[PDB]
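Starting off, we have a lone chain in the form deposited in one PDB entry, written out as structure tokens.
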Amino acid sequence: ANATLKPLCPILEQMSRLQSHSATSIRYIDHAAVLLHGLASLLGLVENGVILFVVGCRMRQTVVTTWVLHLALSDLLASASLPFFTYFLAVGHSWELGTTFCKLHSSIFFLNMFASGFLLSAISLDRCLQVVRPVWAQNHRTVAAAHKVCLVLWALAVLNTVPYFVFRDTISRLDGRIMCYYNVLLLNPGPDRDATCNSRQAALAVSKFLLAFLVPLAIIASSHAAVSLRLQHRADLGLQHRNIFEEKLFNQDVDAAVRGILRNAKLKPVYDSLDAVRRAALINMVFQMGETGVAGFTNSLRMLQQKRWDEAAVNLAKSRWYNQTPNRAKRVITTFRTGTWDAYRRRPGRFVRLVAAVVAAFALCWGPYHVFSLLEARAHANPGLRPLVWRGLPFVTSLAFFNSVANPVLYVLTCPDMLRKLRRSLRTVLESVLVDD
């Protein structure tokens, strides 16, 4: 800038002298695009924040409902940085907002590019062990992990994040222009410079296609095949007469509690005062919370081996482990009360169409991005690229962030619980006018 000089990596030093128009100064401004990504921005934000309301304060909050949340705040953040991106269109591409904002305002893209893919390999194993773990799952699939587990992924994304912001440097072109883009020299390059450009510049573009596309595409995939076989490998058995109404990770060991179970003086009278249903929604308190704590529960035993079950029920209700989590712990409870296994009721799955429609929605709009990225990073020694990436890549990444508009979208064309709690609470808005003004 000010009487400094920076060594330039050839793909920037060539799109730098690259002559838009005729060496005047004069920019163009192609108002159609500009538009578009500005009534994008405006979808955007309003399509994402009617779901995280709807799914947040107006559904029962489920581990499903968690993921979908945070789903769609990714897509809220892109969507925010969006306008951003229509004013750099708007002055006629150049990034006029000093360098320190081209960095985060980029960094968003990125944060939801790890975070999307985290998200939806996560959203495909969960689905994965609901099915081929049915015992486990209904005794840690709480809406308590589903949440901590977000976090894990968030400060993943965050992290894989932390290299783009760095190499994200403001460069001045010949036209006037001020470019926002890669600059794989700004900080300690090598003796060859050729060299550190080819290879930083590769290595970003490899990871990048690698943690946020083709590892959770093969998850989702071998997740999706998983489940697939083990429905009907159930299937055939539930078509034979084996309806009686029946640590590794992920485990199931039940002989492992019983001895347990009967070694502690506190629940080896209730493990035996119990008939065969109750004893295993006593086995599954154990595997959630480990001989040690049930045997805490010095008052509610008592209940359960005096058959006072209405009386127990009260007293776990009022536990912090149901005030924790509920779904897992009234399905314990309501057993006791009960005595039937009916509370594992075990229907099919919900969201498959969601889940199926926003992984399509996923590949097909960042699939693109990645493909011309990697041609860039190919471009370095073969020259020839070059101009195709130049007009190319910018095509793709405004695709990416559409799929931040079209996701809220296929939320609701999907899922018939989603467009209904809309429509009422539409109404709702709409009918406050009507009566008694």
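Numbering follows the first chain given and starts at 1. Rigid core here is just the name for the largest C-alpha set that superposes within 1.5 Å across the two forms. Compared with the form deposited in another entry:
Only one of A343, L104, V158, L210 has its C-alpha shifted by 2 Å or more between these two forms once the core is superposed, and that residue is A343.
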Second form
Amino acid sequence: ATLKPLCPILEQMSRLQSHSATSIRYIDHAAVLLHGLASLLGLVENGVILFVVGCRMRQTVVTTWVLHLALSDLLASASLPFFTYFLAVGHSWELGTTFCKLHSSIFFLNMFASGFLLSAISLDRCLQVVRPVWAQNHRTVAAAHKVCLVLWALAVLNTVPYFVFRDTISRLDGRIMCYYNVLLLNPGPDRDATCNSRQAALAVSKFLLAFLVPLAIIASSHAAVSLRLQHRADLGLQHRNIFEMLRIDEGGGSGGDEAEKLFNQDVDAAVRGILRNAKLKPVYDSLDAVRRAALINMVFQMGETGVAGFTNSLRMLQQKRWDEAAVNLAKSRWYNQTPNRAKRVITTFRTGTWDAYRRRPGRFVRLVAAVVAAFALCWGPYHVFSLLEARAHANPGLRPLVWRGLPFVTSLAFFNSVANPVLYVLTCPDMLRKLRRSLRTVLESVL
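In place of the form deposited in one PDB entry, output the structure of the form deposited in another entry.
The following holds one chain only.
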């Protein structure tokens, strides 16, 4: 027999029951089937989405975001069946204490990930429009994959406190609760103070890092590209800027600090390095303006020492043998790893015609706007109530109000993992089209 000190919120919660002192648990079977089907749908929907985007669809930077975005929701749908079991038993956790920490961590892991990814998506789209020269040279899929790995690492780092402060608390009804045990580790001299501060520190930091700050970034980046496209379209209407390429002064200001701007686009800096190298100077001067700019992109992507490694490729550009140079370039490590930023360069050497990067409209815009809309509507009410239960430590009157909505708005955030794969299809015709392809392919395994 062991006794653990609890918060006044949990202590008041460990005696809540309809019938006075009994072990008979009332069961809401309507919610069991609801979350049961939600568990089934979530696993199947995100299951096929991962397959479609990840195997049948051509891999891009944007699809990589969506891929991980649907990966986090897959895990959220993997812990959900254990929440169904929780309801089926009668709101009691009967699967140990460590598993309680894991199951809970998946919820917050999904939360932070979905908040960090949606931030990454907005920032990526921001760099695509605001920083065209940098984006066309460094926005490779390999980079986008490494970003996600950092985001997951930061996500699991912010779910550790939740993993730690999760515990099994016995009710008087025989029920076993799985919730916040703030006082589980290092209780201060003032229990009521360390109970309030830690709960507030959790609810607030969660609200910021996984909701307010993302929505701030999303709304702020959305305004950046809107003004940029307006100023860009104004430049496009000008007759003199018909054949111009690699602009930087779209953001206004001056070119005095181009070598210091994050996400660098300093074209002049690259040119000075080209004229300095013995293997690049005679090749640069022999090229026309369109092909000279394509050479600047190569030293942007792999440096000047990297482009000087292609001896009998510069030998080809110097002799204006474009096609035979194209063959040699497309058979390298540089093209094999990052084909999209490479092919755009090679074709320029081939045709001598500039293909504008800031000309290409953004993709999955309908998708992200929908996913963002759902994210704000499903995690919205949650953070509201969760901030109120941290507020309810001081105000006991809010405690009954919390448990009239918190179980609802929490399951509302759970259903965000079910909504997204549907939203993927409804806003992305290619994704839906690619799905009905494989759907028809498998169904044709009867003939």
